[PDB]
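Okay, so here's just one chain, in structure tokens, the form solved without the named molecule.
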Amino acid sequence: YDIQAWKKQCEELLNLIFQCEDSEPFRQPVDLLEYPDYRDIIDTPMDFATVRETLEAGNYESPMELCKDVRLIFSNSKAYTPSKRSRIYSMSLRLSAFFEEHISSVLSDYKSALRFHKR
């Protein structure tokens, strides 16, 4: 029932995501010189360095907020891909499955801790 435990759990999951070769296209903001039309399609860029920095700044109040930003990395990849068979998008799908598999217990434990706090 530790209400704060999610933070270190998210730091550890971000460390694993950074070791994953599938995260390379998503570690830093999409290069606007490489993809000059990016901002015509994507309204809110997001990347894993921005997520890690937001967490370390103490600017996430819950793991649900972190999850919303990580899911935005994947929805941006899906919205920008010219094809559902493209390399970068294909990497995003594997990384998303890995993320969802690991974040589920982080979210469940946090929500359970908050419910216990208000028991």
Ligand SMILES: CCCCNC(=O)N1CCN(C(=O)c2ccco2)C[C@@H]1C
Given for the second form:
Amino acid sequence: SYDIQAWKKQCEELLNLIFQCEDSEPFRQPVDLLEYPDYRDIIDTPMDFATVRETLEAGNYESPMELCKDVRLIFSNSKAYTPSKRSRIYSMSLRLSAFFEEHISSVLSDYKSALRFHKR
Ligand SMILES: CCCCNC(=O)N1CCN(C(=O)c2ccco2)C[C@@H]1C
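Alternate state requested, the form solved in complex with the named molecule (shown: the form solved without the named molecule):
Starting with the chain above, the whole complex follows.
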């Protein structure tokens, strides 16, 4: 399965599944500072799933590793802001992270395998 470009549609499909998850609601658009006025005091690099989808669709990711780094930033940012491990939004972030990691694993493996085959 040595298609170097196949990761992009696989990531579009995975983002579609993440948007269907009720657990993605809080992460679907850039955080609003009116509700959380100190957000940029704690969070240096805001990230959300709409920004990840737009970056993919603009052709501004070179690899699925770069998309994975941005999705992981959504989850680390949510953790940086949670007042507790028992908070609702943080709890939704942990389930969504587990779902994302379960699905991205093969996308990364296939891509890296395809690049190694190209350079063989
Ligand atoms: C009662 C509050 C309503 C939900 N809002 C809320 O608590 N949020 C702050 C923390 N957060 C994030 O850090 C984050 C990462 C990616 C997108 O947002 C999620 C959400 C916007």
